[PDB]
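Just the one chain here, laid out as structure tokens, in the form solved without its partner chain.
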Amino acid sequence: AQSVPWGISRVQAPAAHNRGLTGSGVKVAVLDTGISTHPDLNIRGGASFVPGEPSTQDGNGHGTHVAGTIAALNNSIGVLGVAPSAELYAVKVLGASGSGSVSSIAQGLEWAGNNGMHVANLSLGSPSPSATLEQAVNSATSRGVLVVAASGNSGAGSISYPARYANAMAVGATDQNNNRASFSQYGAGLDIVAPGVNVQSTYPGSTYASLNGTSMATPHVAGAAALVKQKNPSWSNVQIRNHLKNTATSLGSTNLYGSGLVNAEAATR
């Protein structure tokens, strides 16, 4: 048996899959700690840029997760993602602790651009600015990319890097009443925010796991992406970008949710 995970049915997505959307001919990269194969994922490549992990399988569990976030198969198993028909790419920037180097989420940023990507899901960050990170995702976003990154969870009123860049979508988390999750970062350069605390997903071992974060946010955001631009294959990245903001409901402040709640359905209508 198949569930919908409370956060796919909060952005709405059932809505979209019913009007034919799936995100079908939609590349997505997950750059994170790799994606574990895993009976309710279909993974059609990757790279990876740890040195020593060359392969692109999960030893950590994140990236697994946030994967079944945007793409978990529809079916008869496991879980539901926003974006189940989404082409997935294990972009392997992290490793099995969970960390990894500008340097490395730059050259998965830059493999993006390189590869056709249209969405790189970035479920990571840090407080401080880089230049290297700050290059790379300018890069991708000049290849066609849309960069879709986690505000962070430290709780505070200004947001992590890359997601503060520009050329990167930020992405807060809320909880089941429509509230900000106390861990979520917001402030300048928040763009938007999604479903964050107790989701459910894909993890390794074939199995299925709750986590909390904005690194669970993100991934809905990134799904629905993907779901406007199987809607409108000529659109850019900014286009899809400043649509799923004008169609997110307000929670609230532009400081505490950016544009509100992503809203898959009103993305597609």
Second form
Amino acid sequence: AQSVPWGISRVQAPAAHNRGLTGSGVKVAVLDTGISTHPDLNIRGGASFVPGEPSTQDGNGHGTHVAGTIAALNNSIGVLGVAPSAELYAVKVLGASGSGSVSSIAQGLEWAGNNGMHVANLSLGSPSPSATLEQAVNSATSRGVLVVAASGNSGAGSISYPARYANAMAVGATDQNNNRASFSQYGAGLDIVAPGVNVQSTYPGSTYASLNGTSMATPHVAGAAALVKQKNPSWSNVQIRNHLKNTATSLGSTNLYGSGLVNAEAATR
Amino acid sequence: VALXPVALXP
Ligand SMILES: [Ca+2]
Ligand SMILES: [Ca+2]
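Switching conditions: you have the form solved without its partner chain, so give me the form deposited with its partner chain bound.
Now the full complex is given, and it begins with the chain already shown.
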């Protein structure tokens, strides 16, 4: 039977699904370690920019887990994504070890902009800025891509890059009580938060795993953006971004939580 | 560097 992970319920995705909003027709690029073929995922395509790993299959597990939060299929098995009918593209920019270069990430962002992706999920970061990365985020934004990125897991009061760049939407992590997870980076630039503790999702080997981190929070927001895009196909990346923020549930200080907890019901009503 | 598994530059 299919389970609905706590985080999917918390962001109120089922209410959106009841309106017929599932992310149908919306192209979402997952810039990560790959996405492995899985009975609870439909992968529409992708590309790899990691030397030595020509396929988009996932040798780490991280990308597959992130992908299932966005779009695990609505059926009789596994779990359920925020946007179960979104069109997932696997853009491999990190290797099986979990590391990548700024060059590979920038190639992924260029690919997303050149190939019509509307949302790009970046569950990755670095404590250091890179002009190359900044330019790539800005270029993708100008081509219509909503770039969604994780705030980081150091627990500090400043956020990682690329999330810290203006044109990336930065996502922090909450726990089961809507508290900021202790590891979740916060501070100037934080846009919004989403569940990032004990997140069950798809994992390679046709199985499921529960993981923690801002990497897991981020795809809740990427998924919510796809729901808004399906409802409002003429809306631009920045319009979608602001609408998600404006309809978020305030949790207190914008410094700790940004606009608050993403709410897919409010964002699609 | 990095958050958990993803790092990129220092
Ligand atoms: Ca399922
Ligand atoms: Ca930002």
